[PDB]
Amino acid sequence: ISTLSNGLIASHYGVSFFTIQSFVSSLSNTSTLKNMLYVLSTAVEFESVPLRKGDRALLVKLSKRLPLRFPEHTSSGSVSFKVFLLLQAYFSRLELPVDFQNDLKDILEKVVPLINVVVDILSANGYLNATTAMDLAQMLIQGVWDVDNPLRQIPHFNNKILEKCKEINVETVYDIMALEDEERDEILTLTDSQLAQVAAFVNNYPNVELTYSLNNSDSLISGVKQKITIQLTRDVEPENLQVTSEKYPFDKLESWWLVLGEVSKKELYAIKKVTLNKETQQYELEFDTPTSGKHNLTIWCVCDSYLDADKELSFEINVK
């Protein structure tokens, strides 16, 4: 299978060779988020997580309230059953038994290297569903479903506050920071300690601007390695890139994937993992020029640590 491309591997995260061999065999260009969550749950790295007598029976009961079911003709007798379900309880923000809370902390300690390896395997194959693993990576940091309200990321945003936001058509983090003092204090019925934690989050939440330059557009030759420059600007230089997350109990640094690809062909042409630590920065990507004709290409700038802060740009090329 490893006729894989070295230049299409963005990170240096590591796990056992056993797990890498298993992941490579288990993932394809059609893998879904649910498939990837299952595959991740099978990592031998989780064998250090406790599995007690009675846990499976307790997990079966818990599973009633979770949206995704464990694969049908697969034994529920291993730690993978626990990992698959507790990670969903994490996304759903279910209150857990103290003992399952302990196991969840142990699980979360191992997830970042594992999800990054999933991204790297898919991207090394040129598979655009690497972006599906990126979606899952975001959920693992903020502890929120990709189908739930993205405002849930902000500390102390309970159901009452979410409904007050809906009533005035406030939907994004940027809508929150745009609010006038009196309307802001109307919705944010929170204590002093709580308000400071909202403030910490909103000030650190990224707002990036994506541009590019492609030298000699509409004069490209098929097959030749082509360079493209990607620039990303922030309003001011960040004082630190330490991620604010209520739910992820370990230190995390803000990182981004820069992705070039073509949606209609489900193909990833190039990828790069970057830190946007400056007011402005640019990066050079290299790809093989596709066949003769018109192609619609997209650049994505995807954050590993927050939801709804990603940026994308589409453009047309003509290969002679």
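Rigid core (definition): largest C-alpha set, two forms, superposition within 1.5 Å. Only residues modelled in both forms are compared. Positions refer to the first chain, counted from 1. Compared with the form deposited in another entry:
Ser11 is among the residues whose C-alpha shifts by 2 Å or more between these two forms once the rigid core is aligned. Comparing the forms between these two forms on their core, residues 1 to 14 form the single run of at least three in a row where every Cα shifts 2 Å or more.
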The other form holds:
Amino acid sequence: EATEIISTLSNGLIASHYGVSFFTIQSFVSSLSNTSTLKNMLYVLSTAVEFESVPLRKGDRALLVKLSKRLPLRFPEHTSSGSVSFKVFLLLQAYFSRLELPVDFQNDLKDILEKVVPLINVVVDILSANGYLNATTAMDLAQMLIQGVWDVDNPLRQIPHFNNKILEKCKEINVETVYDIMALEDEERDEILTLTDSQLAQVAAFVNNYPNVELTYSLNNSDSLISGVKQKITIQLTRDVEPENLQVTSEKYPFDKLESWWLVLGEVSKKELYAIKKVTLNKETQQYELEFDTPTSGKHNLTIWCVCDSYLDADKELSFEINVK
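Same protein, different state: after the form deposited in one PDB entry, show the form deposited in another entry.
Next comes a single chain, given without company.
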């Protein structure tokens, strides 16, 4: 027999509550810019003073140098590797890559994960407050921190027990998303799901609560927009079924997490963000109002993004043209 027990799949431990220090906000503001990349953001995260509670032991540096050869993002070459920053930057990548770690590093990684959610939210808030569209790259990193995968990974890799053998069976029959899994016929699905009932229970918890949302909008008085006037927009989000709750299912993240979304209005050609609201989609249908400053006269192609903070590949977007008088 030997059932693999995963007690924190859907029943997370409670992460110790804290508020990010003003010192850390200052440091992040100094280091971030409108051109910051995913690599830059992961490095900045790693420099938080809050990680001073993460141990560094005799011999760790040499183990981390060995580990660095196996990871895709390079630590800044002009920067001391004798810091806890080096450890955090490398262990978070080992988490995304799902590499095997010795026990002491597994322990350290748990301690690191306890702190990451408030920190990545500060990154999103710094970038968005300044109107930088790269806030969306920070949101991608937020999703990676919850599911323990890379932004570029096969989205099916989030599903418990979906190993490389199962992924290739999915490729064989053009199954690409979690939604594709559920739209299949019984014989096709049964063939892919060559797992024990215990393993299937864990697949089920994930599929049950994976979000499927529909995005729509209405612009108050679209045919009469005036430059510099505060303008309201209504954004509506609908689910096919009202969710039982918003507890996140994550195999790799061991703490309790509640599902949240960012609603974003922006302009891609200008790399500009115009409005942002953090919301919880607890009902079968819901609508929200965002306020923004009407852009300059002329044509503008805008986009609304709905981006989840807890899963990959469930995001939605809509683009529309406005003509400011």
